[PDB]
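> This is what each chain is made of:
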Amino acid sequence: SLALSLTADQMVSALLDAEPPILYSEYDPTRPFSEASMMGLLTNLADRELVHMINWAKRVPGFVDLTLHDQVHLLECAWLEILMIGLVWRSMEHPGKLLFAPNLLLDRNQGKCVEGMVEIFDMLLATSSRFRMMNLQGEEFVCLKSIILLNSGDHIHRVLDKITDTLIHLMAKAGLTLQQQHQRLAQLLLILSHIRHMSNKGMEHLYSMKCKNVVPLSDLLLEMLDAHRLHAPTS
Amino acid sequence: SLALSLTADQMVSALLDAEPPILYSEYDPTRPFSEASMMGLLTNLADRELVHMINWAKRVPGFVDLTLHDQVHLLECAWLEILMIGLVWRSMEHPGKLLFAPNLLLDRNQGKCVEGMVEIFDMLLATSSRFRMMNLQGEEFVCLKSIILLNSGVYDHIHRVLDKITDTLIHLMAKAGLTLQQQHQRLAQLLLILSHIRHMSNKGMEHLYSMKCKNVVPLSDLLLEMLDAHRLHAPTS
Amino acid sequence: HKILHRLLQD
Amino acid sequence: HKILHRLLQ
Ligand SMILES: O=S(=O)(OC1C=CCC=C1)[C@@H]1C[C@@H]2O[C@H]1C(c1ccc(O)cc1)=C2c1ccc(O)cc1
Ligand SMILES: O=S(=O)(OC1C=CCC=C1)[C@@H]1C[C@@H]2O[C@H]1C(c1ccc(O)cc1)=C2c1ccc(O)cc1
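For the record, the sequence lines run as chains B, A, C and D. According to the entry's author numbering, the first sequence holds residues 305 to 457, 473 to 554 in order. According to the entry's author numbering, the second sequence holds residues 305 to 459, 473 to 554 in order. Its first residue numbered 687, the third sequence is counted upward by one per residue in the entry's author numbering. Its first residue numbered 687, the fourth sequence is counted upward by one per residue in the entry's author numbering.
Since the hints were derived computationally from the structure, they do not count as laboratory data. Just so it is clear, CB atoms sit at the ideal spot from N, CA and C, and this is done for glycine as well. Be aware that one or more of the hints could be misleading.
Quick list of in silico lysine-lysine cross-link-like pairs, DSBU-like style, CA-CA up to 35 Å [as the list claims (entries may be wrong)]:
| hint | chain 1 | residue 1 | chain 2 | residue 2 |
| --- | --- | --- | --- | --- |
| 1 | A | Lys362 | A | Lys401 |
| 2 | A | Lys531 | B | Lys529 |
| 3 | A | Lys416 | B | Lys531 |
| 4 | B | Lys492 | B | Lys362 |
| 5 | A | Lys529 | C | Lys688 |
| 6 | B | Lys531 | A | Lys529 |
| 7 | B | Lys492 | C | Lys688 |
| 8 | B | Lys492 | D | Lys688 |
| 9 | A | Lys401 | A | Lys416 |
| 10 | A | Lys529 | A | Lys416 |
| 11 | A | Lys529 | A | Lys362 |
| 12 | C | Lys688 | B | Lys401 |
| 13 | B | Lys362 | B | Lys529 |
| 14 | B | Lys416 | A | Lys531 |
Chain B residues, not near chain A, derived (Cβ > 12 Å throughout) [to be verified]:
| hint | residue |
| --- | --- |
| 15 | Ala318 |
| 16 | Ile326 |
| 17 | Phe337 |
| 18 | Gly344 |
| 19 | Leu345 |
| 20 | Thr347 |
| 21 | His356 |
| 22 | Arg363 |
| 23 | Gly390 |
| 24 | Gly400 |
| 25 | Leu408 |
| 26 | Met438 |
| 27 | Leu454 |
| 28 | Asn455 |
| 29 | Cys530 |
| 30 | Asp538 |
Generate coordinates for the entire structure from the input sequences, incorporating the hints supplied.
The structure is reproduced here in structure tokens:
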């Protein structure tokens, strides 16, 4: 695998180059938010982001070396996580706000339009505030996002080790001491547990019956949801 | 805080000394397993484990320095994670089985007794197997379990203690002769498994506070309140 | 008043 | 045959 031969700088360059674009939503400032209109916005946005995420994944070193099944499995598991870390990253310099899109900047009060959504909005906001306090760097972000993709579901474990090496390389380059490197590496990885948690609780609402009935979902998104709901308790 | 001034060896010693006891289940070999009897066994065991978990938590350095509300919040968030990581630890020397108690050793087919349980049994077995292949040490285990307690419900004092445990973990790896690269890699590997433990807990919790699972066996008031702490934010039917 | 809250004082 | 499977080609 050519991914295992990359240098740290090459790894960073490839990941930075593979970054998806930031998309817009069709929000109307004159129209007040209902449960349906709010869900309609986020669903439409997430659905368009999914297509970009799928092609982004193919440009993650080592991913295209996997079988089609494992590629599908990893993406089915990680998709909401990857959407979420993207959200909290672009919301970093907007304290108390969530920048879903440049034209869609929401706070926790707007999240109360949707039953059970303000709780996850709170968690996302705390995560974004956590990244801001850590002064998370863009190079570190793309590493964390790739880790999420590969850790969601021996070759994979070799790539993960490489990204760990890459993270350490970035921190040592910033002038951090050895102790400060270990600690920061830990602080970043533990945040992934919180990202996993937010995804689990968020997905639980999303594949609920109230949530699948409120707005039309695309066939892609509908299949991403059912991949998780399969393990949910049957009433 | 006197926790922040501990050495790595003092930290390990404090965590080893704080380890809860291994309890026995009330397994009754005279009757066949049913969904109810199986859930009763695991509920009874988990309930008695909770009391010991609480006392263990008080002995984790830095924890008692928090307000009662933060202590409650952390334990409410982490309890199933903590039970699970304890389960996969003691299941390590039993490939393909889950040692819930010395008198309760189950395989995945026995997990088929309860609807939707075998899927979590499968993830717990895989996690146990993963620990076994990494040759996870007891000193590393108590570090991970404490990290789960302190990390799971946090989102500055706590972050200082979490850094201390990170130092302790690295110290252990250095003492074990691992190279500097092997240290970062192993630290990363262990902490990434914590994401899977979180995933297992949320999936299991979802079943546990489902209406079906909350009415199959009687639950203690304590366990009932630990469940609700997660259940209250779940979708309202 | 929660029981967990109570036990954390014993 | 899943859509995600198709998009990955
Ligand atoms: O976890 S959520 O809060 O999801 C819900 C949804 C309904 C009720 C409770 C939680 C999620 C985070 C953010 O808001 C939701 C949501 C979303 C994703 C897919 C959908 O089909 C619908 C919504 C969000 C989101 C959307 C796009 C992003 O790029 C990042 C996050
Ligand atoms: O996540 S579970 O698999 O939970 C269920 C339960 C029913 C259906 C699906 C998942 C859980 C893991 C292990 O088995 C279950 C279970 C349990 C925990 C609390 C309860 O009130 C009842 C059972 C387990 C467990 C019990 C004690 C431990 O020390 C570690 C794990």
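> Determine for every hint whether it applies to the structure shown.
Consistency of the hints with the structure:
1. A:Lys362 - A:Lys401: holds, 31 Å
2. A:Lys531 - B:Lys529: holds, 22 Å
3. A:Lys416 - B:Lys531: holds, 29 Å
4. B:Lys492 - B:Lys362: Roughly 28 Å between the alpha carbons, so the hint for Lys492 of chain B and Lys362 of chain B holds.
5. A:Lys529 - C:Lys688: Distance ~24 Å between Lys529 of chain A and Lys688 of chain C Cα, so the pair holds.
6. B:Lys531 - A:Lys529: At roughly 22 Å apart (the allowed maximum being 35 Å), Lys529 of chain A and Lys531 of chain B satisfy the hint.
7. B:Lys492 - C:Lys688: Violated. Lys492 of chain B to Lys688 of chain C sits at ~49 Å, over the 35 Å cutoff.
8. B:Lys492 - D:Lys688: Cα-Cα ~43 Å, so violated.
9. A:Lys401 - A:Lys416: Holds, at roughly 13 Å.
10. A:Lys529 - A:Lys416: Within the cut-off at roughly 16 Å; holds.
11. A:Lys529 - A:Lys362: Since the Cα atoms of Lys529 of chain A and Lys362 of chain A sit roughly 34 Å apart, the hinted pair holds (cutoff 35 Å).
12. C:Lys688 - B:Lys401: The given pair, whose Cα atoms are some 33 Å apart, holds under the 35 Å limit.
13. B:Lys362 - B:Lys529: holds, 34 Å
14. B:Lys416 - A:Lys531: holds, 28 Å
15. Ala318: Non-interface label on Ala318 of chain B holds, nearest chain A Cβ at 20 Å vs cutoff 12 Å.
16. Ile326: holds, 24 Å
17. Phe337: Non-interface label stands for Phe337 of chain B: nearest chain A Cβ at 20 Å, farther than 12 Å.
18. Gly344: holds, 19 Å
19. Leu345: holds, 20 Å
20. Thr347: Answer for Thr347 of chain B: holds, closest chain A Cβ roughly 17 Å.
21. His356: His356 of chain B is indeed farther than 12 Å from all Cβ atoms of chain A, at 24 Å.
22. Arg363: holds, 22 Å
23. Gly390: Check passes; 17 Å lies beyond 12 Å.
24. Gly400: holds, 15 Å
25. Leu408: holds, 23 Å
26. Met438: violated, 10 Å
27. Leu454: violated, 9 Å
28. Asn455: At roughly 5 Å from the nearest Cβ of chain A, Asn455 of chain B sits no farther out than 12 Å, so the non-interface label is violated.
29. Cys530: Per Cβ check, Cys530 of chain B is inside 12 Å of chain A; nearest 7 Å; violated.
30. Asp538: Holds, because the least Cβ-Cβ distance between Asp538 of chain B and chain A comes to about 23 Å, which exceeds 12 Å.
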